[PDB]
Amino acid sequence: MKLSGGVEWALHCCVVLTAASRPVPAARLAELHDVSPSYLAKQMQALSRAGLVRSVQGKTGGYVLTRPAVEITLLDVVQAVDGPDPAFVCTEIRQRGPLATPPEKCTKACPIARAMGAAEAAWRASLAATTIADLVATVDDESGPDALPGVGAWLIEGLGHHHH
Amino acid sequence: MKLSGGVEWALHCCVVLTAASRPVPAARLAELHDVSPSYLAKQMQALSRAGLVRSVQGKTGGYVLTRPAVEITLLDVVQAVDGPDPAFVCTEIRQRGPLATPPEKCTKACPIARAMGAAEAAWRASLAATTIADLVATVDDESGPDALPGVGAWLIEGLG
Ligand code: FES
Ligand code: FES
Ligand SMILES: [Cl-]
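Chains as they are written, first to last, in the authors' numbering: chain A, 1 to 164; chain D, 1 to 160.
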C-alpha cells in the first residue's frame, strides 16, 4: 500500500489554515511550502469535495476551513484525499469454486474478513481520535506558541508579502 | 487506500493448507477458488519469497506450509503479498519554503508523521496479534470441525 502523497500536504495545509483569520489562496499556500500551485490546489479541491475546506470566491478570496480544527479528524483528511475505501474488501471468494459455500449459508461475514476488519478498525480508531486541533497543540508545545500564528500572518499578509 | 486482491486469496490459501496432510498439487490449489495457473504462480511466488509456503518436488509433489499455523500471523501473509513498505511516507515538507524548520530543529519526526505512523502501527499490531491458527479455530467453531478437513481431503485426493 501507499497512501496518496497528497495526504501529507493536505494535513500540513489544514494545520496552517487554523492560524489564518482570512481566506488564503492556493498560490500563497504553495509558496509557503515551495511547491507547484496546481499540485497543491488538487489536494485542496479534494478537501473541498469532502466539505473540510471551501474556496471563497471574489476579492480577499481563497481557502478557509469549513469547520473548527477540533472537528476535523486525521481520518477525515485521509479519506478526503486517499479515498474512503477500507484497505481490505472481501469479494466473497468462499462463494467461488467447486467447494463454494452457498450464499444462503453466508449470513455471517468470513472470519478472515472479520479479522481484516478488526485491523482496519484499529487504523480508523487512531486516526479518528486525533484532530487538526491536536496537531496544532503538539506544534505549539514543540515549536512554541508564536510559530503557527507567525505562519498564519505570513499566509494572510497583503501587500507587505512582497517586501521581506 | 487498497491492498492487492492477492491478500484475500493468500489468507484463504494459508487457512486451507493447514488441513492438508500431503503436499497440495498446484492444479488443485488453483481450482479451489477458480484462479488461473498464472494467478496461482504469482501468489505462491509471494508466499515462497516470505518463507510461508514451500514447493516439494516429485510425483506426489505440491505446496505445504513451512511452519505451523500458530507461527504465521495475518501480518506475515499481508506483507508477503502487499510488501512491507510503510503506507505513509513523510517527505519532510516542513523543511521546504521561506519559513522552513531548519534541519537542526528536526531531531524528532514531524508531529503529523508521528500521528500517521502511530495509526499505521496500530493496524500492524492488530494483524500481528492474530494467527492463521486463530482463524482455523474460528472456522472449526462456526463452520463445524469437518469443514476444513473436508477441504484438505479434496485438495490432496489422488484422482478426480
Ligand atoms: S470470503 Fe472474503 S475474506 Fe474469506
Ligand atoms: S513533514 Fe512529513 S508529515 Fe509533516
Ligand atoms: Cl520522533
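Think of the hints as simulated: they come from the structure by calculation, not from any bench. Quick reminder that beta carbons are idealized off the backbone N, C-alpha and C, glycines included. Among these hints, one or two may not hold up.
Unchecked claim - Here chain D is said to cover these stretches of chain A; the calculated rule only asks that three of the stretch's residues, wherever they fall, bring their Cβ under 8 angstroms from a Cβ of chain D: (1) 8–14; (2) 39–53; (3) 82–95.
Unchecked claim - If you anchor each label on the Cβ, the simulated ranges turn out as follows: (4) A/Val70 / D/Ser55: 35 to 43 angstroms; (5) A/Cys106 / D/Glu71: 25 to 33 angstroms; (6) D/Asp34 / A/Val64: 17 to 25 angstroms; (7) D/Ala137 / A/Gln45: 45 to 53 angstroms; (8) A/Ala109 / D/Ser36: 25 to 33 angstroms; (9) A/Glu71 / D/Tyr39: 43 to 51 angstroms.
So, going through the hints one by one against the coordinates:
Here's how the stretch 8–14 of chain A fares: 4 of its residues keep a CB closer than 8 angstroms to some CB of chain D, so the rule of at least three is met and the hint holds. Here's how the stretch 39–53 of chain A fares: 0 of its residues keep a CB closer than 8 angstroms to some CB of chain D, so the rule of at least three is not met and the hint is violated. Counting residues of the stretch 82–95 of chain A whose beta-carbon sits less than 8 angstroms from any beta-carbon of chain D gives 11, enough to reach three: the coverage restraint holds. A hinted range of 35 to 43 angstroms is violated for the C-beta pair A/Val70 and D/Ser55, which are about 55 angstroms apart.
With their beta carbons about 30 angstroms apart, A/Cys106 and D/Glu71 fall inside the hinted range of 25 to 33 angstroms. The hint said 17 to 25 angstroms for the Cβ distance between D/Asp34 and A/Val64, and at roughly 53 angstroms that hint is violated. For D/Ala137 paired with A/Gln45, a C-beta distance near 48 angstroms keeps the hint of 45 to 53 angstroms intact. For the pair A/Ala109 and D/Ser36, the supplied restraint of 25 to 33 angstroms holds, since their beta-carbon distance comes to about 27 angstroms.
With their beta carbons about 45 angstroms apart, A/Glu71 and D/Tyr39 fall inside the hinted range of 43 to 51 angstroms.
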